[PDB]
Amino acid sequence: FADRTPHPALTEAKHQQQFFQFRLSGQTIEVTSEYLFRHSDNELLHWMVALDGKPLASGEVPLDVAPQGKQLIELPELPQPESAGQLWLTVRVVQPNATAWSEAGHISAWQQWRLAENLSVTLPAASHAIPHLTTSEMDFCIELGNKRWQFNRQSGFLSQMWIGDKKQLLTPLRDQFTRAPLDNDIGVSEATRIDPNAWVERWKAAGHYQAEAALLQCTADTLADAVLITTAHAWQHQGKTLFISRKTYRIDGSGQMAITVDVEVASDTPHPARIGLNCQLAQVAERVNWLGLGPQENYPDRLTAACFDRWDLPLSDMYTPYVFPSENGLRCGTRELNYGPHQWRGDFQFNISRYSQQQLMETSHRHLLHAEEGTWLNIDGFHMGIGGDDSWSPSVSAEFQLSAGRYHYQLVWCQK
Amino acid sequence: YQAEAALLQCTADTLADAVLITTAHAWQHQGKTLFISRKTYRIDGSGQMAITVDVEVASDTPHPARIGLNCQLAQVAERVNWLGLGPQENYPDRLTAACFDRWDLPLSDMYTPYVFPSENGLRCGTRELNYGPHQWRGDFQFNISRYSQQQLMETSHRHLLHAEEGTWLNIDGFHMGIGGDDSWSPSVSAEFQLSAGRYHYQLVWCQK
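In the order they appear, the protein sequences are chains D and C.
Note that PDB author numbering has the first sequence beginning at 608, numbered continuously upward.
Note that PDB author numbering has the second sequence beginning at 816, numbered continuously upward.
Because the hints were derived from the structure by calculation, they are not lab data.
Keep in mind that a hint or two might mislead.
[What the hints assert, rightly or not] Cβ-Cβ distance ranges computed for the label pairs, FRET-style:
#1 C:1005 - D:729: 30 to 38 angstroms
#2 D:823 - C:993: 35 to 43 angstroms
#3 C:919 - D:823: 31 to 39 angstroms
[Said to hold, decoys possible] As a list, the in silico SDA-like pairs of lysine to any residue whose alpha-carbon atoms are at most 20 angstroms apart:
#4 C:854 - D:774
#5 C:854 - D:892
#6 C:854 - D:953
#7 C:847 - D:658
#8 C:847 - D:726
#9 C:847 - C:865
#10 C:854 - D:726
#11 C:854 - D:663
#12 D:621 - D:692
#13 C:854 - D:632
#14 C:854 - C:996
#15 D:773 - D:755
#16 D:677 - D:726
#17 D:773 - D:677
#18 D:774 - D:632
Heads up, the beta-carbon is just placed ideally off N, CA and C, and yes, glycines get one too.
Please put together the full structure from these sequences, using the hints given.
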């Protein structure tokens, strides 16, 4: 920023430009120096092995590597854990002494890898309680304990949840296919000249920002130990069907709601910016806790610098205050997200903030944004790349466009 | 090639207009779980069985060659009719020459008689497959023949293959590339390896 505070992209540049390169082969790390002139004489290697965020082993090895040379580092016999989960190895190079340009403890390079994984073969504990379905003309209602879920039969969306008598939502949980456009999506360098190839112009012409959901199907069933709700929706613009969404919600005896989503995208509409859900939660909590890539904002084509771990930040750090407001704050590769009493599990991307995608789209300056009631949560199965080879022509590479035609993802929403 | 399936779950429910069967299986070798498969079968009033499959693959096992189903059908029909890429054999990294259309061939053209027997005969990008009275719909790859994968693996020469009873059908959600930059080192590019960790696909099996 003009006051010399960093954008989140500065950390991506730091990692890609590091002077040490690392390879892992079994138990050996190979450290290669990209210095031309100096020996590594102010460097030590911290390693750590963790299992789904919880630490298991650590260590430090002093680096002694000639300019353009290699050093092999053998790790001690790693622990075999009983429990299920992915093991991660993380190395960081730390400078123990101050320089002319850095403080003591400056981290100059890092790298992360997956080691062994144990898949969970334990079937969930069978609960005695059965959730109760009630059916009016307007609604399906599911009660279990103090918990309640309500699905509106005209819209076919989850419209409210209660814990006790405390309502949890301010807006229903609905599909989302759009983002507040980034500067690379707008694709303008001269304010007098408009490109029709720009992502935002293609999305606007096709009607993605205006598409209205039509309900196709909405039904409810009692199984032995669960309630199943099944919905389908079509998004249309002027006769043309752009997207179809088929969902199942399965509410079991433990109180966990499992959501399964299957989406079809017309092959001739421009590829959507995202495929996910959004809602506005009634509460405002101080912290956000997640297990996945961080701690900084990261996108599918800018995530090499983020590391998988357990992160905890205050809510205001989950928003990036770009001077011209846009989509911001995404965290990728997430397995678990905790916010107040809510927990979401899956394999997803999310952003969480006090500003809707709509408010970010209609406001031209950050100082004119005002916090909305509650918190806006965007949970995505899939998200387009952000580009940036330049900003005045389309620049998202084809491997980061959402061009597969069929998409599938699942979440579990529960109360921790 | 040795992994044994262990049953985790198998339950049945009557819905308003359908029956739902739900299964889970773990494939193991010496304590280590290699794959987990969760399936639903939903049999409705029109007689269509809808099958939904979700697979997890351990990150540290080598990427599998395919993710799909197989069975041996009792009947032997003369023709195979499909809507998808053809008419020749095509694989995920060798399909640029095949065109999407409606193809009809005799069963013996669905097998490629390579002198040293191997996996052969795959057709990709398929939306519909008709064989005798059966129809399968989805978005899948298939091969159909009189030889099991096991017989093709254990036999060294094509002239020693013998037709089995009925027909062997392999239906795949996903299939690895075949390589061929050379034949004496690994040569399948990373975009054609099955490295995603989680896989999902669905079929409808019905009688036409």
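Measure nothing beyond the straight line between the CA atoms of residue 847 (chain C) and residue 658 (chain D); if it is 20 angstroms or shorter, mark the hint as holding.
-> holds (17 angstroms)
20 angstroms limit on alpha-carbon distance, applied to hinted pair residue 847 (chain C) and residue 726 (chain D) = holds (9 angstroms)
For the range 35 to 43 angstroms, tell me whether the beta carbons of residue 823 (chain D) and residue 993 (chain C) fit it or not.
-> Check passed, 41 angstroms falls within 35 to 43 angstroms.
Would you mind confirming whether the straight-line C-alpha gap from residue 854 (chain C) to residue 953 (chain D) stays at or under 20 angstroms?
-> holds (18 angstroms)
Are residue 773 (chain D) and residue 755 (chain D) close enough, with their CA atoms no more than 20 angstroms apart?
-> holds (10 angstroms)
Taking 20 angstroms as the top limit, are the C-alpha atoms of residue 773 (chain D) and residue 677 (chain D) close enough?
-> violated (61 angstroms)
Is residue 774 (chain D) within 20 angstroms of residue 632 (chain D), Cα to Cα?
-> Violated - the C-alpha atoms of residue 632 (chain D) and residue 774 (chain D) are around 53 angstroms apart, more than 20 angstroms.
Does the structure keep residue 621 (chain D) and residue 692 (chain D) at a Cα separation of 20 angstroms or less?
-> Violated. Residue 621 (chain D) to residue 692 (chain D) sits at ~30 angstroms, over the 20 angstroms cutoff.
Can the suggested window of 30 to 38 angstroms be confirmed for the beta-carbon pair residue 1005 (chain C) and residue 729 (chain D)?
-> Holds - the Cβ-Cβ distance for residue 1005 (chain C) and residue 729 (chain D), about 33 angstroms, lies within 30 to 38 angstroms.
20 angstroms limit on alpha-carbon distance, applied to hinted pair residue 847 (chain C) and residue 865 (chain C) = violated (31 angstroms)
Are the Cα atoms of residue 854 (chain C) and residue 726 (chain D) separated by 20 angstroms or less?
-> Holds, at roughly 17 angstroms.
CA of residue 854 (chain C) to CA of residue 892 (chain D), is that 20 angstroms or under?
-> The hint is violated at about 38 angstroms.
The structure fails hints 4, 5, 9, 11, 12, 13, 14, 16, 17, 18 (numbered hints given earlier, in ascending order).
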